[PDB]
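**Student:** Knowing the structure of chain A, use the given hints to seat chains B, C and D with the ligands on it.
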Amino acid sequence: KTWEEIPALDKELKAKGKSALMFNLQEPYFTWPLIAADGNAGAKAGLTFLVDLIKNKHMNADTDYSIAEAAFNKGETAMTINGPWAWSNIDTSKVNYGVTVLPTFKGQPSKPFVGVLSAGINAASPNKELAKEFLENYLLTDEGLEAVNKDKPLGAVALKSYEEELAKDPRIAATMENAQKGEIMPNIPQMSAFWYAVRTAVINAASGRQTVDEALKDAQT
Amino acid sequence: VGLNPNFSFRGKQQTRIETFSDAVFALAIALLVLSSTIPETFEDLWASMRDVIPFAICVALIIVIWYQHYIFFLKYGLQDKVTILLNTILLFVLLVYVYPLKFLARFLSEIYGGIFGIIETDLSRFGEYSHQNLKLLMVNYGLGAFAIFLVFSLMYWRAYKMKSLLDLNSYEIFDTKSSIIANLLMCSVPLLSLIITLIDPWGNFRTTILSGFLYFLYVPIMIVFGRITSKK
Amino acid sequence: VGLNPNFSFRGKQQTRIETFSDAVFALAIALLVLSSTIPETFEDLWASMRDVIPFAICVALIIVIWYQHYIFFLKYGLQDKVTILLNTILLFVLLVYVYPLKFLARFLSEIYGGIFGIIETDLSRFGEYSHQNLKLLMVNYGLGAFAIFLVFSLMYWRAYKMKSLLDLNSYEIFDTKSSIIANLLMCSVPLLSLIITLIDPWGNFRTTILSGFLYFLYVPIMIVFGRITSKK
Amino acid sequence: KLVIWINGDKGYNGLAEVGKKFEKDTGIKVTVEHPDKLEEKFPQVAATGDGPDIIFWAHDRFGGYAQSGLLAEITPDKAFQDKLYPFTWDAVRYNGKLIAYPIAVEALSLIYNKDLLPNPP
Ligand SMILES: OC[C@H]1O[C@H](O[C@H]2[C@H](O)[C@@H](O)[C@@H](O)O[C@@H]2CO)[C@H](O)[C@@H](O)[C@@H]1O
Ligand SMILES: [K+]
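Protein chains in written order, with the UniProt record's numbering: chain A, 153 to 191, 211 to 392; chain B, 9 to 240; chain C, 9 to 240; chain D, 32 to 152.
Isolated chain A (complex conformation):
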């Protein structure tokens, strides 16, 4: 239920030839919840913990989406941090899985960023009216979203008609739980430069180049 009790659990699991937690450390979207759990003082706390996990050899230095996914699906790691989309691949494997609340850090919850999957029409396209037809009458329909969802889960769909079906799924409940503890990302043009600043900062601190104090300095600029 807490981030701070993972090192103990990892010691226990490493004795039996298993990892505790493996997730994508390269992409900052996955590390941000821990960083933003308290908050600055909050970013310094959250990141130092993440740095200590790699320093204590609990997590690998270059842990990416593929080796994390594969390890969990194989049955090598006890935990992983991922989205709705990842569930179908677990179902394919013979792993009795559960989706739950993200661990708390310094008592307070880990605040994961909330994304709204969205379809936009390219300004330089001649098929603008044909795409509108596809999006409205064929995709954003009960039947249409069902098709996408049975391949790889969408999460909490924007369609009003899908509320009953969403509410019947335990994994969706866990997703909504984390979404409430998190916050929706602003759409602003500066998001790109922000994400890049966090992507470098996390990689530098993970590998062992820049200090945790110096990471937030370069990122705030």
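There could be a bad hint or two in this list.
[What the hints assert, rightly or not] Within a straight-line C-alpha distance of at most 20 Å, the following computed DMTMM-like cross-link-like pairs (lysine to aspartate or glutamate) qualify:
id, chain 1, residue 1, chain 2, residue 2
1, A, 339, D, 146
2, C, 169, D, 146
3, B, 20, C, 183
4, A, 339, A, 385
5, B, 110, B, 183
6, B, 169, A, 235
7, A, 339, B, 183
8, A, 339, B, 175
9, A, 170, A, 233
10, C, 143, B, 88
11, B, 185, A, 348
12, C, 185, C, 175
13, D, 145, C, 88
14, D, 41, D, 64
15, B, 169, A, 340
16, B, 169, A, 314
17, B, 185, A, 340
18, A, 265, B, 175
19, C, 143, B, 52
20, C, 171, D, 40
21, C, 89, B, 183
22, A, 153, B, 175
23, B, 20, D, 146
24, C, 143, B, 51
25, A, 153, B, 88
26, B, 20, C, 208
27, A, 228, A, 262
28, D, 145, A, 335
29, D, 52, D, 64
30, D, 145, A, 247
31, A, 331, A, 314
32, A, 245, A, 235
33, A, 339, A, 314
34, A, 228, A, 156
35, A, 321, A, 300
36, C, 89, D, 146
37, D, 145, C, 175
38, B, 169, A, 240
39, D, 52, D, 84
40, A, 388, A, 190
Hints in this document: simulated from the structure, not taken from any laboratory.
**Tutor:** Chains B, C and D with the ligands alone, transformed into the frame defined by chain A:
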């Protein structure tokens, strides 16, 4: 058969905890009645039939607890250490309050018998009706009721804590949360009498009147506590 | 194993209501026997063996109720609030009449013992055999029997009320309807003694003779009530 | 060609499976049609044109067809007659003449969703 249409009953199969529990409930209601002496003469026979009103009240009370138990184990199908622990605490409280309930039920049946005018038999058999004794009466039975509902709240909270392990959906999570609130709200009324009696503001029977009067205003006082949390 | 070949048994799986119920029935017949004192000497041992005739009559009576219970829960597999309520009322009545049955069975065993000429022991142990006491004897046990059959009728009517939910076929509907009638017809005989005793037309033992004589004419009087409804 | 008129809310596909067994044992085609407003299209078409060979509808509409002269008198032998309930034959009788073959008794019931409503009104 079931309370909610959106709830997926994990405990349709009978288990040892439930079997054991059924034995205890059956034993409680059975020994309450059959702890009495066997009539040897016509006089004893008629005396023993005066006990049915007190017993009906006791039995009604015990099955109500049994029902809540049935519904909990039906909902979650739980069987872990902590559930076993909380379950034992429940049955323990039940058991220690079986004979005291027989007592209270007989006592109140005589008091209400006198009021309505059905009978006119003595209450000197029960001992002296003093302020200290009447206060201890509230504190005792009040502490009993509080505990039962307190334990039901803890049991539902244990299921809430294992929501993911139990694969609880949004409807089931909501039910569980509502069941905790219900049991805590039920718990508060005896907690409020008990506290009022233990402080004893008036230093006389007035204390006992108020403490006793909270049970008659169960439904309205429960609504006040529920309304306070929703208004904020 | 089953009563009807056209009936689809919904209650083949054991449930909590049935498990609880089995505990109570087992406890009733067990404590009836084992409520007696432990023999400490040869004299007590022989005394205790005189109790087997009264106990056999009591036990036979209780399993007959258990059987009806077994068949009902087998037929419908019911587990709702109202079924729980009616089921509790049943077990409650059973329980309050366990020790009174022990009494009646011992009393009647002495009376029939005197008649046949097996024994010649005193009935003064039971108290004075007065008109009022012998009337209360009928009213008591008559009220008990009436209630048990009344409850069985209510239980079958609850299943009839849920015929669609239970997916009852034309044969099953017919059985259910017949089971209601059976239990009401069974119920009437004790209802008729009880009423005759409570009015007391003669003002003497004659009342008790008639009231008692309706049980000996159970089968024929049941046929009269059944024939009256069919003739119209 | 054997043509049958029955309502679209009924089992015309199943009626066709019976018709398919008939063609195997005789050689006659059995087509099953379900046109809209057949209860009021039959007495107009069958009077003037050809229409169907056999018409399927609830017994209530058949007296009007019988009075108008749009239906042949049914003459079934005792042994066939005895296979059906005597009360059913009464429904298909107009002025002491059998005007149809009884198939089944139909009555409306309350259909309810047990999940949304376990104890319905
Ligand atoms: O990693 C930073 C990256 O995170 C988010 O992208 C998510 C995307 O939203 C998810 O759907 C998922 O596929 O993973 C991506 C990260 O791996 C932001 O949306 C994006 O701007 C940002 O670059
Ligand atoms: K005892």
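**Student:** Would you mind marking each hint as holding or not holding in the structure?
**Tutor:** The hints, checked one at a time:
About 14 Å separates the Cα atoms of residue 339 of chain A and residue 146 of chain D, which keeps this hinted pair within 20 Å; it holds. For a cut-off of 20 Å, the pair hint linking residue 169 of chain C to residue 146 of chain D stands: about 18 Å separates their Cα positions. Using a Cα cut-off of 20 Å, the hinted pair residue 20 of chain B and residue 183 of chain C is violated, with the two alpha carbons roughly 28 Å apart. For the proposed pair residue 339 of chain A and residue 385 of chain A, the alpha carbon gap of about 46 Å is over 20 Å, so the pair is violated.
Distance restraint check for residue 110 of chain B and residue 183 of chain B: the Cα-Cα separation of roughly 34 Å exceeds the 20 Å cut-off, and the hinted pair is therefore not satisfied. Taking the CA atoms of residue 169 of chain B and residue 235 of chain A, the gap is near 31 Å; set against the 20 Å cutoff, the hint is violated. Distance restraint check for residue 339 of chain A and residue 183 of chain B: the Cα-Cα separation of roughly 13 Å lies within the 20 Å cut-off, and the hinted pair is therefore satisfied. For a cut-off of 20 Å, the pair hint linking residue 339 of chain A to residue 175 of chain B stands: about 10 Å separates their Cα positions.
Between residue 170 of chain A and residue 233 of chain A, the direct Cα distance comes to roughly 18 Å. Compliance with the 20 Å bound is thereby established for this hinted pair. Between residue 143 of chain C and residue 88 of chain B, the direct Cα distance comes to roughly 56 Å. Violation of the 20 Å bound is thereby established for this hinted pair. Between residue 185 of chain B and residue 348 of chain A the CA atoms are separated by roughly 14 Å; this keeps the pair inside 20 Å, and the hint holds. A threshold of 20 Å between alpha carbons decides the hint, and for residue 185 of chain C with residue 175 of chain C the separation of about 15 Å falls inside it, so the pair holds.
Simply put, residue 145 of chain D and residue 88 of chain C have alpha-carbon atoms about 15 Å apart, close enough for the 20 Å limit, and the pair holds. With a CA separation close to 11 Å, the supplied pair residue 41 of chain D and residue 64 of chain D stays within the 20 Å bound. Taking the CA atoms of residue 169 of chain B and residue 340 of chain A, the gap is about 18 Å. The hint holds against a cut of 20 Å. Restraint check for residue 169 of chain B and residue 314 of chain A: not satisfied, since their Cα atoms lie roughly 35 Å apart, outside the 20 Å limit.
Taking the CA atoms of residue 185 of chain B and residue 340 of chain A, the gap is about 17 Å. The hint holds against a cut of 20 Å. Distance hint between residue 265 of chain A and residue 175 of chain B is fulfilled; the C-alpha atoms sit about 17 Å from each other, no more than 20 Å. For the given pair, residue 143 of chain C sits about 16 Å from residue 52 of chain B by alpha-carbon distance, which is consistent with the 20 Å threshold. Between residue 171 of chain C and residue 40 of chain D the alpha-carbon distance is near 28 Å, which puts this suggested pair outside the 20 Å criterion.
Straight-line distance between C-alpha atoms of residue 89 of chain C and residue 183 of chain B comes to about 19 Å, which keeps the hinted pair within the 20 Å bound. With a C-alpha separation of about 16 Å, the suggested pair residue 153 of chain A and residue 175 of chain B falls inside the 20 Å cut-off, and the hint holds. The hinted pair formed by residue 20 of chain B and residue 146 of chain D meets the criterion: a straight-line CA distance of about 18 Å does not exceed 20 Å. Distance restraint check for residue 143 of chain C and residue 51 of chain B: the Cα-Cα separation of roughly 13 Å lies within the 20 Å cut-off, and the hinted pair is therefore satisfied.
The straight-line distance between the Cα atoms of residue 153 of chain A and residue 88 of chain B is roughly 19 Å, inside the 20 Å bound, and the hint therefore holds. About 53 Å separates the Cα atoms of residue 20 of chain B and residue 208 of chain C, which puts this hinted pair outside 20 Å; it is violated. This hinted pair does not check out: residue 228 of chain A and residue 262 of chain A have alpha carbons roughly 30 Å apart, beyond 20 Å. Distance hint between residue 145 of chain D and residue 335 of chain A is fulfilled; the C-alpha atoms sit about 17 Å from each other, no more than 20 Å.
Our distance criterion of 20 Å between C-alpha atoms is met by residue 52 of chain D and residue 64 of chain D, whose separation comes to about 17 Å. Annotation: proposed proximity of residue 145 of chain D to residue 247 of chain A is violated, straight-line Cα distance about 45 Å (limit 20 Å). Distance check on the hinted pair: residue 331 of chain A and residue 314 of chain A sit about 13 Å apart at the alpha-carbon level, within 20 Å; holds. Using a Cα cut-off of 20 Å, the hinted pair residue 245 of chain A and residue 235 of chain A holds, with the two alpha carbons roughly 16 Å apart.
Between residue 339 of chain A and residue 314 of chain A the CA atoms are separated by roughly 18 Å; this keeps the pair inside 20 Å, and the hint holds. For a cut-off of 20 Å, the pair hint linking residue 228 of chain A to residue 156 of chain A stands: about 15 Å separates their Cα positions. For the hint linking residue 321 of chain A to residue 300 of chain A, the alpha-carbon distance of about 28 Å lies beyond 20 Å, and the restraint is violated. A distance of roughly 18 Å separates the Cα atoms of residue 89 of chain C and residue 146 of chain D; the hinted pair therefore holds under the 20 Å criterion.
Proximity of residue 145 of chain D to residue 175 of chain C is assessed by CA-CA distance (about 11 Å); at most 20 Å being required, the pair is judged to hold. Restraint check: the Cα-Cα separation between residue 169 of chain B and residue 240 of chain A comes to about 27 Å, which exceeds 20 Å; the hinted pair is violated. Simply put, residue 52 of chain D and residue 84 of chain D have alpha-carbon atoms about 18 Å apart, close enough for the 20 Å limit, and the pair holds. Between residue 388 of chain A and residue 190 of chain A the CA atoms are separated by roughly 18 Å; this keeps the pair inside 20 Å, and the hint holds.
Comparing the model with each earlier hint shows violations of hints 3, 4, 5, 6, 10, 16, 20, 26, 27, 30, 35 and 38; every other hint is respected.
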